Structure formats: C-alpha cells, structure tokens
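S.K.: What follows is each chain in one-letter form.
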Amino acid sequence: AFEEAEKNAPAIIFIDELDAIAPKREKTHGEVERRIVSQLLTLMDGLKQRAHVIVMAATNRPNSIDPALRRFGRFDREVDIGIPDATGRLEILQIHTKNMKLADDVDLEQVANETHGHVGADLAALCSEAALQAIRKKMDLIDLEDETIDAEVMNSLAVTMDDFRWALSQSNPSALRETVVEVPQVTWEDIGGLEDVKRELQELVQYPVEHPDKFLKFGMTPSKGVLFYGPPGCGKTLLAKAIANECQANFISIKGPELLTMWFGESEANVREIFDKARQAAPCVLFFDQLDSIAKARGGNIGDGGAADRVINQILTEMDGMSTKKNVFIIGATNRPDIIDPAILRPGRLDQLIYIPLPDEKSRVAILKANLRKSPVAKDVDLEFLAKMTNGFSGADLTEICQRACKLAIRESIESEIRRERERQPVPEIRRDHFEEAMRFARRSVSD
Amino acid sequence: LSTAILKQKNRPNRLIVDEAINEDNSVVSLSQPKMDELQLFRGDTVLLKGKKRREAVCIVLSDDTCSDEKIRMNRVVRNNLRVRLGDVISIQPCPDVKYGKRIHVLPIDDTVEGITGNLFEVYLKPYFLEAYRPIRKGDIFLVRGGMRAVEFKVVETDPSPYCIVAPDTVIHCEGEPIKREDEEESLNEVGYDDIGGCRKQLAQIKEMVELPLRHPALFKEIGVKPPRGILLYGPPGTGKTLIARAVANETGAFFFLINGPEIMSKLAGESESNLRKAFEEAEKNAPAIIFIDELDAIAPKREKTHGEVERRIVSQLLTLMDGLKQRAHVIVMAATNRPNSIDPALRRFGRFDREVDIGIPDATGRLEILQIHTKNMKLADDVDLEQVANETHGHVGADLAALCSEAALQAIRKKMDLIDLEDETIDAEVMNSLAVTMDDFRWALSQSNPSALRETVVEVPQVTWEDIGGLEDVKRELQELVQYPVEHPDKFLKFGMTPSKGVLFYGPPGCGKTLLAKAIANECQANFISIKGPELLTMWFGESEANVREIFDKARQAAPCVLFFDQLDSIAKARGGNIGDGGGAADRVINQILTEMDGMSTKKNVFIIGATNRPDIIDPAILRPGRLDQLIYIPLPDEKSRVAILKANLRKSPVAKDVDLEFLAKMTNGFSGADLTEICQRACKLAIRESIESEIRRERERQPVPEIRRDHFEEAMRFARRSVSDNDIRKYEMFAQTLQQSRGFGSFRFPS
Amino acid sequence: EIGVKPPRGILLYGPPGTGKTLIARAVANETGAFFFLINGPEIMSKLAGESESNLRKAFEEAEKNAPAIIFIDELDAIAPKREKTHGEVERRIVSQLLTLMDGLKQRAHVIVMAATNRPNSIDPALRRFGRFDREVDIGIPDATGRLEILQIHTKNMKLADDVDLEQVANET
Ligand SMILES: Nc1ncnc2c1ncn2[C@@H]1O[C@H](COP(=O)(O)OP(=O)(O)OP(=O)(O)O)[C@@H](O)[C@H]1O
Ligand SMILES: Nc1ncnc2c1ncn2[C@@H]1O[C@H](COP(=O)(O)OP(=O)(O)OP(=O)(O)O)[C@@H](O)[C@H]1O
Ligand SMILES: Nc1ncnc2c1ncn2[C@@H]1O[C@H](COP(=O)(O)OP(=O)(O)OP(=O)(O)O)[C@@H](O)[C@H]1O
Ligand SMILES: Nc1ncnc2c1ncn2[C@@H]1O[C@H](COP(=O)(O)OP(=O)(O)O)[C@@H](O)[C@H]1O
Ligand SMILES: [Mg+2]
Ligand SMILES: [Mg+2]
Ligand SMILES: [Mg+2]
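Chains as they are written, first to last, in the entry's author numbering: chain D, 289 to 592, 594 to 714, 727 to 749; chain C, 12 to 714, 727 to 775; chain B, 232 to 403.
Isolated chain D, as found in the complex:
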C-alpha cells in the first residue's frame, strides 16, 4: 500500500479504524500485531523517508494508539472532531435539509435548540425519522401491493413541522443507548407544595442553558449541585421524575449500587464512564437515587478491600478536579445524610442542600388535590378537613389514603355487578363514606 502511494505521489493514505491495527506494543501479546505496529512505525518514519505522502487516520480511542505513532514525523497533527454546539448542529441541519423537500412551516432553529447532546449522526437519524413519519401520514392514500404511487400523493408528500416535532419526541442521543430508563411521566402539577423547591430546580438547569450570557456579564460560573434529604415519602424522587420530563436537558438516572463490581478496578471505571457519558451529552442531569449507598464516609469499613472507599475517591475527582467544568448537573437524593462523606457536601460538588420536610397543612391540601385531579370524586368530600386531621402524614401516606378509598369503591362496584348478574339469572365516583372507612386504616409512616 505504501509503495503504491509513493509510486503515484502526491498521494493521501487514509487508515480507518487505526486502533484496530495500531495497539500498544507493550500491551500486545500477539507477535503478528506487534510486527504490524513496528512495520507501520518504520514505513511512516524510517531510514528511507516518504516521497511526499500524506497519511490520515481516524479512531474513536486515540489513547489506545502506540505512543511512538504520535510524535512528529509520524501522525504530526491530531485533530479533535467533537460534539457540535447549538449553532454547529443548526449548521448541520441546514446542510442536511438542502436536499430534503420541506414545507414552509418547518423551523430549523427550534430543532437545533431542542436537540441537546446530538451529533451529526443523531441529527441525520432525526431527519430520517421525520421523513418516515411523513410517509406514514401519506400511508392511507397508497396501497402496499400497488405497482406504483399516485402522482398526486407524491406531489403532496413533504416534511412538515409536526413530523419534526414527533421525531424530536422520539429522538435521543446515541451515546445515552444504554443509560435509558422509562420514566413514569410525572409533571410539575403532579407535585403538591414545594413551590420554592420547584422554582430552584427549574432555574438551576434553565439559567445556564438559556442565558449563558448573563453569567458572562456578571462574571460568575453557575452552580450545579443539589442534595435532597428528608424523611421517606416526601417527594424527593418525584422531583427527579418531573425533571426527567419537564426539564430541557439530558437525564441520566443512577441506582446507587449499580456501579459496583466484583473486579479490582472496574468499580471506579464505571464511575469514570458514567461521568464521561454525562459530559458528552451536556447539558445533562446526573441523578443519584439513594446517594448514601455510594457516597459513604471513608474509613467506616475495615474490609470491603477498600473498593468502597476507592469508589468515592473517584467521584471526588470527577465532581471537582483539575478539569474544565461542563454543564453537568448532579442531583442526589439521600434518606440519611448524616453518613454522607463531608467531602461530597462541600460547595462546588453538592453546594445546595435542600431539606424536604413533612408537608404542612397548606401542602397537604395541595397533595390531596393533586392525587384527585384525574379521579372522579364526589363534591361532598372536602379536602380541607381531611388535611387538617392528618398532621404528621407524609406525601406517601396521603396517597395511600386516596388509593384505599378507590379500592373500597372498586370493591363495592364489583359486588354490585355480581349482585345484578345473580338476580338476572352503581358507583360513578368515590363517595364520602369511602374516605371515612379508608381513614381508619391510615397511619403515620414516619415516627416522631
């Protein structure tokens, strides 16, 4: 190959997937692979110099390449093709859609703003999905078994803004296809009370993203750390569920002990991988449910050996180390914050500690209303009195009262149907007496 290139000089050689044939000779056991690396080293820079031949290469993992292949005279320059920003992905969309035919209502600015962590491949996938949706819209005209499509349907075929909206709804970064979970679709209306906490959560993600120039003028960097601590059942995980839907940033959900592994150094490698995955998809929200499982004070356990204490040390460097901060927002929910390592709780890592207490009388009315928004309930039932009696009840306790009332209503409804079927051979809404019977089984989950 090199002789053919030198024969027809000037020439360019492109080696796709360089890491496939150029691993480190120190870490390679196979003799053939090491001999190939040595041959590449000699050909690309050796005693007989190249006759004006340019060599190009592409690799996902530059750090797997042999160190001798990176010095000048041998892959002189390294060029970083990185994730585009909003303007870059707008340019990519404009380039992509020049061939495509689009309706007049399409707005590429909104599509560019909505796609946060997407790369050119992701934008191409979005365009293809939108076009497929347009074809689906024109499906009821055409027949699959027809020999050809009608000319009028072909002319009417175009990509509208609704197709792009649907594609955006289905769109997700290819880096984020493993760390994907199905969120139960909670909105800010589903949460009762916590109005001050709601405002802080929205502003924390919205301000750095929608108003980056405001921070530049005032000259201060944004704050991107939150810890939720409080009694069980008070809305810590609901706030994360609402963020997973309503907030305009990527979301990664981490169960606590997921990252831990049998092997010696893989537990900390999982921490590095999940933090690097969040940096690629910035702006991204990294949520740690049950943070006390992972972030526990060092020195507590004599024998783990030291893997538990080593994992938290990796998080400390990831959250705040010698690297430029990105738009990665880390939120943690803990039930017992007294055991969290004090290094985690310092400002710059988890600076904002928000305490979510038991709901008060005003909040309990809001919680009761939020549960009953989509439920048919008799007008007789007054939520103001019900919240007054339940004093130390949590948000989960109030929901359990409503669920048990529904079960009593369903039990009566089923019995009536059996009764009517029996005599042959009701309960439109939850009534006042259903809530009274459900209240006798109610109890305070969190003790004094």
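Everything labelled a hint here was simulated from the structure, so no lab data went into it. All the pointers check out, no bait thrown in.
Computed cross-link-like contacts, EDC-like style, restricted to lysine to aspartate or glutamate with a CA-CA straight-line distance of at most 20 Å: (1) C:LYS217 with D:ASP434; (2) D:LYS315 with C:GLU314; (3) C:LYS217 with C:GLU200; (4) D:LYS658 with D:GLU737.
Dock chains C and B with the ligands against chain D, hints included.
M.R.: This is chains C and B with the ligands only, laid out in the frame that chain D set:
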C-alpha cells in the same frame, strides 16, 4: 399511524377465499357484479397472488351463488397459493400468456410409492387432453386415475413462468422424483401470519424492510435514505429468530444468514475475511438482507474485551456497516438477548439505525399466539383458547408452544392406556379417536411453568384457603390484592389510581404467616417467587446487590408476579447498626431494595409480600407506603379461631364423634396455630402406636384403631405446651399499639 | 395426525455416579440410534474458534449417523451463564450451542441429551423450549432401588445361600 402499514386497504382485487363447488384445479369463480367491476371476461386467464410470494394462474368463471367479496377455488389452488378458507388474495389480469412449448413435471414420492405404471399416459395425458389448462412453474396439482391419485410438481416451463398447456405442448415426467421432506418443508414455511402479539413490532420491521423495496420512489421523492440497520432484542423465546425467518420467506430479496460464533477462525485474519465475503455476497446479489443471530457473541465492547481478534472483528463489522465505501441496497438485521453488551459504536445511525423490542406478550397477544399455534392441531369444541391465554401469566411464545406440545402428549397418553403399545402399527380407529381435549390443556397448564422463572422454582406443599382456620379478614384482603388489578384493570383506570402492592405479615411464631403465602402460591392467579432471607447474599463486593436486581427484574418480566420475602428482617435492617457489617454490604443491599420497590421506573404488577417475626428492626423506609404500605398483624388465635384451626387440621383425619373440639379449644387459651397442630399430630402417633402393637399381637398368636379416640387426645394433651410465652406476646402487642396510636384520633368522621 | 413435534431436548441432573450416562447408553442401545458422547472439558480449547468448530463437527457427524443421540457430559462446565462468564470462549460456545439447537435451519431427527450436577448453573437460554425443554431428575437410589441395582450387578456372579442382598441394601 404506527400500525398504518399493517392496516389493510380495501381493493376491488381483494377477494375472500371460499369453498369450491365444481371448480377444478385450473378455474376459479367470481360473482357477476365483481367480474363487471374488475372488467373481467369469462374464459380470461388471471394472475393470483397469495402468501409467501406464491403465484398461480387460473381461468375466471361466473357463479351466481358466489358472494361479491368471495372467490371459489378448490383445495389444489389453495395449496398452490399457501392460503386457507377465509384468507384474502388479489386477482389481476394476466395478459400475453403464450402456449407451452415444453413442460417438465415431476411426481411426489409419497403419491407414487407402489405405483410402477406409465405416469404420462395414466395421469398427465387425460388431465391435459384438450383442456388448455394454465400452469406456472412450481405449482402442485393432483390428478385422479389409476390405483391412487398422484401429485405432480412443475419444475420447468417454456415459456417461463407462465404458459398454456396446448395440444402440441410436450409433456414429459422423467427425472429424479421429488422428496416428501422438501415438499413438506415448502408447505410449512414461516410468514408474517405466524407471528402473534407483535403488531407494532411487525409494523416497524415492515416499514424498514418491505416499504423501501416495494416503493423506493416514495423515499426518492422525499429525499431521504431509509434506515438500513435493525436490531431486535428481548428475552429468549419471544420470536426474534421467528421474525427473521418470516422476513426471509416473505421478501423478494437475497437473504444471508450469519450465526455469531460460526465466523470465528483460528487462522489470523480469517474471521474478518469471512465477514467481508458475506457482505460482498450481499452487495453482489442486491437488494439483499443480512441476518446476524446472537450478535452479542460476535460484537462485544472493544474497551472491555482483551482479545485482539475480537476487537479486530468488531472493527471489521463496524467498517463494513458504515465506512468510506457506502453500502446502498443491503439491509442488516441482528438479534440478541442482551443489547447493552454490544459495542456502543454499533448502536448508531448507519449501523443498526433502529432498535425493536420484542417483549413479553400480554393476554391478548398470547391468545393470538395460541390461535396461530393451534390452527394445525385438532381441537374439540370444549377447548377454549381464551381461558388458557388468561391462565398463562408470564408465558412467552416458546412457553406457549411447550404448553401446546405437552397438551398434545397428554392427549396421546389417554389413548396409550387402550392400546398395548407393542403393536407394529397404530389402528386407524384409535387414530381418529384421538383429539386434543380441554382436559389435556388443563393438565398442561398445571405442568406448565414460564422458562424465565426455571431457577426460582420450589415445590409448594399445596395448601388451600380451607386449610387455614380463622384469619377471615386477612384472607379477603389477600385474594383482593392480586385479583383486583389483574381481573379488573379497567376499574382502576376509571377511578384513576394505581393499585396497592405491598403487604407485611408480623406476629408471634406459628400463627400462619408462611401458611398464607403457601395458599397464595396455589390459589392466586399470578406467578410466585419465593425468597429466603439470606439467599441473596454473596461474599463478593457487588454481587449481593446484583442478585437483588436480578430477582426484581425476573418478577417484572413475569408480571403479574408475587415476590415473597420469608424472614424479611434478615435483609431489611435500620442501617447503621454496626460500624462494620461485612464491609457495609448489608446496608448497601437495603439501598438496592429501596430503589427496586420505588425508584425512577414505571410500576408493574409486582406484589411484594414480607413475613417478618420481629418487625421493630426493619428499616422505616421499607415500611413506607408505596413499598410495603399495608401492615397486617397475625396474632395468636382467639377461642373462635382455635376451633376453626382444629377442624382444619382434623378434616382429613378420621376422628370419633365423641371428641369435643369446642371444649378442646377452650382449655388451650394461649396456644398458637402450630401448638394446636402438634396436639393433633401427637394423637395420631398414639393411634399408630396402638395399631402397630395390635397387629403385632395378632401375628404373634397365629405363630383395631379405625379412628382417633378421646383417650388419644387426652394423652396427647399432657405433652402439649405453649410455645409463645407471655413475655413474647407483649412485644408484638407493643408494635401494634404504636401503629394504632400513630394514626391519631380514632373514628374519623366528616363534619355535618 | 395430532399435528405436533416431539421434544428434542433432554436434561438429566443428579449427583455424580447416579447413572445418567448409563441411562443414555441404554436408550441409545435398545433404540436403533447411534450413541455419540461429548465431554465438556475436552471441548475446551485455548485457540480461538476451535471449540465451537468441534461442536459443529460433532453435530454434523451425528446428523450423518442419524438416527443418533448426542450426549454431553458436564453441560455446566461447557455452558455457563453468559452474563456471569467473563471468558469470551465459553460465551461463544454457549452461543454456538444455542444456534445449533435452534435457528433458521431446524435440526430434524436428532436428540440432544445432557448430564449436569448443577442444573441452575446452565445458561437460562439453554433451558428454553426447543432446547433441553424437559429436565429429568435422577435422584439418589432408594432402598428397593439399590436392592434392584445389587440384583442386576450380581446376576453374573455366583451367590451362596447364606447371603441376603436385602441386608446389604439396608446397610448401604
Ligand atoms: N408533594 C407530593 N405531591 C404528591 N404526591 C407526593 C408528594 N410527595 C410524595 N408523594 C407521593 O409519594 C409517592 C412517591 O414518593 P417519593 O418517591 O417522592 O418519596 P421519597 O421522598 O423519594 O422517599 P424514599 O426515601 O422512600 O425514596 C407517590 O405515591 C407520590 O404520589
Ligand atoms: N410471537 C410468536 N408467535 C408465534 N410463535 C411464536 C412467537 N414467539 C415465539 N414463538 C414460537 O416459539 C419459538 C420461537 O423461538 P425463537 O428462536 O424465535 O426465539 P428467540 O427469542 O429468537 O430465541 P433466543 O433469544 O433464545 O435466541 C418457535 O417455536 C415459535 O413457533
Ligand atoms: N390458622 C391456621 N390454620 C391451620 N394451621 C395453622 C394455622 N396457623 C398455623 N398453623 C400451623 O402452624 C404450622 C406452622 O405455621 P406457619 O409456618 O404458618 O407459621 P409462621 O407464622 O410462618 O411462623 P414462624 O414465625 O415460626 O416462621 C403449620 O403446621 C400450620 O399448619
Ligand atoms: N440405576 C443404576 N442401575 C444399575 N447400575 C448403575 C445405576 N446407576 C449407576 N450404575 C453403575 O454406575 C456405573 C457408571 O456410572 P455413571 O453412569 O458413569 O455415572 P454418571 O451418571 O455420573 O455418569 C456403571 O458401572 C453402573 O453399573
Ligand atoms: Mg425515592
Ligand atoms: Mg434466537
Ligand atoms: Mg414462617
């Protein structure tokens, strides 16, 4: 809009297949209004298209008794198009059909075995004599004559593929006879009709596969390239390979199969060479479809794999799928159980563009799967597939196929008793007597278990709700907890609330906590997983929490499932109990359990039941509503319940009428349920002792106890003792007292 | 006529020495089928691609010698769980076995039997219908069962009048 492509569009050519009256192998009948609508004339030749890209040519006729939407054709025409009664085919004119010059036909072996006469004169000449029958390459037609009707296969026609058998057309039958196995395999092919419960998945797969090939002008007009990579993932037995087979059979494109490990070779560079050769064969015969089965074996993550050969193979596949030389007419499909093990660079645009989840079917989908599976089988009238579909909760398509096979073998088992089985052949009358009965399906249902949960299977002692004495209120709640969300999902949607799915049983030992779980394991209509407390603990660093995820994930796939934790206090603890407890793994297991019950994931019909003996040490987060909301206290039985326990234990045993259970329960004030059982077992032992000495005495003289008597119970009582002490009782009454006092003021009442 | 296909998979699990191999040999001998034996450890190969090549060769030879019975000793060693197996060779062996038992090409007139001490160690995919779909437990012999075993083993030997095999069965 997702299933728009599946939604069939009414066309004048679409006709329902109907039974023939006088139609032979070469004619079909259409109603006069439909013929006039289609502008068809009597005597015209038409082109018939069926399933699995099967085509047939026949002569269209008129029939006043045929429906407008129906077409009449005999069994031969139906078999040629691989269609059955009620199916839909398309009829179109077939002009420019020329007279046949030379046709080659070959007979089927099973219709010729024992026939040694001249096939031509006996069968083919009278069949084609002055008939001008239209024939096509590959049709199978049956001809009467001789000693037995003989089927023939058309292997070559001139012109091809359509010709008219003219009087001067040369008909010859010399050649290798057709094999029965090949014909049976061709008859039994997988199509899109064989997949059930995957309607949206089939819609997506058709959109990527068939739509670009049938109508590429649409994609050219809209100016986009359709996706060329499909990844199918799901648990084993969901039908990924079945869908691949259906796509291979139903498509008019070159199909190549790549099993995962078969690519591997010991010689350097030969695995990548095999991949390159496969892909080159794909573009050589374009358009083409490449299917890679068990992709996780061939394409692991390059970062986490140590072998250089695996990395080089992943890189080669990566370059083949998306490289500098773009591929245009090739579509690559892959199937794997675990998609997350695949290299991330392979899950991208240009490499496996779309991912399709072939999940566990629901009741409606599994009913369709049963209907598809049992169409070939013989079923009696009493058999109803809806009940079998409802009673198979966690079953997947492979599980349903296993159930059908087991039911069929049970059906044979019944005929096994009648015959000696040593006969050289089975009698024809017994053969016709055999059919699949609903009893066989019930026996299979009893034997059937989902393949997902074969590790977590235990032999329950078959306890019934009648075996439990007392606990009437507890029984009703337990039945309603599983039955209500499963049998009445629409009621919860109407009221708009999710069900409650948590129960904790606590009380003194021997009061019926584990007995209730045994009754649920049998009576309740949901999958059951039994978990011993410390069963999930491992000395390795992260495996203890990994076992928690697996058991909770196993219950989600088999929903509705009941997850029972016996001795919950072993894995559930208040946390922070000790400075060092296995390096903090005990506290870390609780945190994993907390997220599984209530975390950032959609809730399924998974019911968690925990029986604890001491509930004061359990983590308060676990007892929170949404995890174990309903706490039920199982106390020592009172006088009324103790009478019920005595009858439940003594129901099977033959006991004399003179014994009084009411007095027996009155004196045993503080006994448990297990204490009362020990008294009855002790009475049996004394009766067995008296019976054994009596029969020994009778044998001794040569060389009694029909029922348990009062003296047996009286002697048994002197050994009886109260296992649960008074001090232990106050401990359980204390925890229950806190729960009642935590509620606040009693007798809640709305004002006015 | 009943319109079903018989199961093609057998999994025998029990303590070592219980007689699973002898049951397989008896089945293959009395029925007109060729007995082909596969040992799990000997399939293992350090070279990449050799092990599943050996599996393919074994299956093709069994197909050639139809009717045949394929017996695999220690299926747990050859085929562990893929998610818990760090080794690539064993995982590829499991995948090859899965494809050999079930795929686009359906094997016909071939019965695969396996013997393992621990059935739960096998990959859950290998327990699916169509591939070791039925599992048979060969438990520790009973008193009358071990008496019958003694009678079978002592039929060729000469036995005195004093000896009682039932006493030997009871003491064992
Ligand atoms: N403010 C609230 N408004 C409405 N529902 C609420 C609220 N707080 C809690 N809930 C209810 O609580 C349940 C979920 O509680 P959540 O997951 O938020 O608890 P948590 O504080 O994270 O507790 P844990 O420590 O157990 O994780 C749901 O039934 C939800 O409706
Ligand atoms: N949706 C379905 N409709 C009808 N039959 C089905 C369906 N799903 C599975 N089956 C039946 O179950 C079997 C499917 O096995 P198949 O090889 O397709 O499964 P798989 O999920 O691809 O396998 P694995 O993941 O173990 O490689 C066949 O016998 C098929 O008849
Ligand atoms: N209500 C009852 N009716 C019939 N038998 C009962 C009843 N309660 C207990 N028993 C008997 O008690 C014995 C064991 O009871 P079980 O296993 O249900 O106790 P448990 O509450 O789980 O106790 P432990 O705390 O010791 O695990 C069995 O023989 C069972 O038949
Ligand atoms: N049920 C049995 N009846 C008679 N002999 C048996 C039985 N089970 C085991 N054996 C004896 O065990 C010996 C071989 O054991 P083997 O079947 O190889 O053990 P495994 O089942 O572990 O492969 C044979 O010599 C045979 O006589
Ligand atoms: Mg939570
Ligand atoms: Mg498969
Ligand atoms: Mg118990």
